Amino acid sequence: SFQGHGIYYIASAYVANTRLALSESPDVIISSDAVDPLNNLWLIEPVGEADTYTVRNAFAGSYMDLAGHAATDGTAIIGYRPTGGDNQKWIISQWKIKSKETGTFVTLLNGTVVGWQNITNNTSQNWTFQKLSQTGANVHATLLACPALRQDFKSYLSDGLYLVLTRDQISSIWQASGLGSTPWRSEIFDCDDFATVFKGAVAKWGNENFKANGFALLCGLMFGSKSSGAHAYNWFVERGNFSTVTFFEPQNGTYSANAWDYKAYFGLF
């Protein structure tokens, strides 16, 4: 559901398996949900006015814009440089997406994405929003409710809004990192290094792939311990259940639900 400030898929309610992306001025286009190209991610940021936001392509950096400010039925919805204009402010209410400037609506036509006056005989102006982000407070609270913490656990965070990546994305970053073909070596490249390097790899991949600012990629680092010893590893929350912390071994790219029995004493994200 739409919940204000966040990163979302914007899906048509009118036809199945259809969501918004930006062409490669670029048009806002329909996109199949069988694929997950990064230009389907929309960073929705409040502007102060009730239920009013900018809607920004995270990948391309462009802003959803009603072309030429035109109120005319069938005016293109495009991606544009930021202008401060009212044709880049969108009233999202319950869901429809209404231009502040014209009062025309983002509409799926025929298909193409356009501005149109209110339509009441079909659902072509109705949209569903799947939240893909967590605030820093969201993740902090999840982290603290995690059952795999040592009693002295302390955590620190760096950013106020996070994209939650898919496993496909995390694993692609990990494959590209070269860590899986890096031999473990005592001190010089041991668990702390794998976990630190991998967190950095995720950050670099974000920088390479997203032209928008105002959000970070969630990639947690933990130090933890158990009776046999102590270990460094990574962690995440997942899209299907944001309240669950999942663990990741940067030496071999595997996930664990219970952190290999380690109880974290330090968390960074």
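Residue numbers count along the first chain shown, from 1. Here the rigid core means the biggest group of C-alpha atoms that line up within 1.5 Å when the two forms are laid on top of each other. Compared with the form deposited in another entry:
Following superposition on the rigid core between the two forms, the residue from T128, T72, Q169, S155 with a C-alpha displacement of 2 angstroms or more is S155, and no other.
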The other form holds:
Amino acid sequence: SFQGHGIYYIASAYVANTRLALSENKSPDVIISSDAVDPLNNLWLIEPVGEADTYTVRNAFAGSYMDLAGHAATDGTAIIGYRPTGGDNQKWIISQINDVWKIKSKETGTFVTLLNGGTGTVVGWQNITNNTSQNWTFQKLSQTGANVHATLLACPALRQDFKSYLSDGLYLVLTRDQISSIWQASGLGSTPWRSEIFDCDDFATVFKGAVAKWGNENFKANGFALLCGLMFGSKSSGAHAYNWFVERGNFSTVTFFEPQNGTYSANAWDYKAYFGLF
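Same protein, different state: after the form deposited in one PDB entry, show the form deposited in another entry.
Next comes a single chain, given without company.
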């Protein structure tokens, strides 16, 4: 559901399996996208500006802003991705009246509409009351710093908090497919462990840097970070370092990641953490 400041999928409530993305003269249109694929330009960074229920809706990948083309109130006006103008045609009232969510232009009062919905265009239109083509669902994909710190303290495997660099950050929660892809490209899996000179902390540091670089290379938007923790843990046998993430399906679930071999666990391989950072 929509929860204000955050990064989201915006999915049509009118047709299944369909969510919004930005296409790759005239500006690129906001278009429909199948949930069978996860291209980065389906991620929307929604940021509060001024008033209650008012937000900008920015494409995290392309950096451009959801914009009602030419400020037009006309039915069928294209919704496009445009450079930031501060204009009211880049501001959106996102509200529900019964758990049904609409996206309304602050400027025109027209609504983001799936028109004629692999078919369908995304346009502004006056209120429609005989179909649900103006209804949208929002899947949150981010956590705030406050959220993540609460999750760490509540996590049975940790029961403790870690310092964050940012004091009020917004974090994108990656999929395991994404984390794995970054890990496969890093070549850590083919880098042997060696005592002190390339040890567990080095794997976890290098991987944390690789996730930060991947976010930098892929997202033109700013104002959010990719969550990627570090933790140091021990047991009777000695010390170890891991990375850590939370799950999109349950943001209270911490998942530990072993950057030596690209594996995941819920329990950090029974290591008890004593230190960490994000």
